[PDB]
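Take a look at this single chain in structure tokens; it is the form deposited in one PDB entry.
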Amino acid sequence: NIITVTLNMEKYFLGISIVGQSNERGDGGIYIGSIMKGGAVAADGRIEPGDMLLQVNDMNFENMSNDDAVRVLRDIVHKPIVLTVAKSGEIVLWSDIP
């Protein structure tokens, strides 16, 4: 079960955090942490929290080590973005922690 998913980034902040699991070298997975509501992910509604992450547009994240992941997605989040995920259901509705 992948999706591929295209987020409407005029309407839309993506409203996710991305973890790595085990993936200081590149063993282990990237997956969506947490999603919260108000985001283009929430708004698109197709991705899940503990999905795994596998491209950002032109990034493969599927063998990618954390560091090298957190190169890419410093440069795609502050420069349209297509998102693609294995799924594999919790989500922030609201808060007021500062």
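Numbering follows the first chain given and starts at 1. Definition used throughout: the rigid core is the maximal C-alpha set that superposes within 1.5 Å between two forms. Compared with the form deposited in another entry:
The only C-alpha among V72, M52, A40, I47 that moves by 2 Å or more between these two forms, given a superposition on the rigid core, is that of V72. In the core-superposed comparison between these two forms, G29 has its Cα shifted by less than 2 Å.
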The other form holds:
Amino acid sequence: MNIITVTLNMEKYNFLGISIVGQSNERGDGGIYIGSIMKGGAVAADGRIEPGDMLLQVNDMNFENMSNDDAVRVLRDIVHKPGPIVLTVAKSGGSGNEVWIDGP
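Please give the corresponding structure for the form deposited in another entry, as opposed to the form deposited in one PDB entry shown earlier.
Only one chain is given; partner chains and other molecules are left out.
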């Protein structure tokens, strides 16, 4: 799987706008994944993250060793702190990278 790190524009978009599923803290767990992406949020507007992508890190925090409950708490704690939000994901879900339509 391709691994990508994306910097979200929280200042502009105001909310992250993702759900998560899964867990990663027990041996044998499959990981934490993006469930759905809400229109208008920072993740949606970036365009590269998709449902089914595997969530690996938020900032410096490792989401390959977290329960679902812990993941939700960490994410909610981070989204209300000033400072960057940067997500690292594995592309198990598909990226809609920026493509120019045309030009002069």
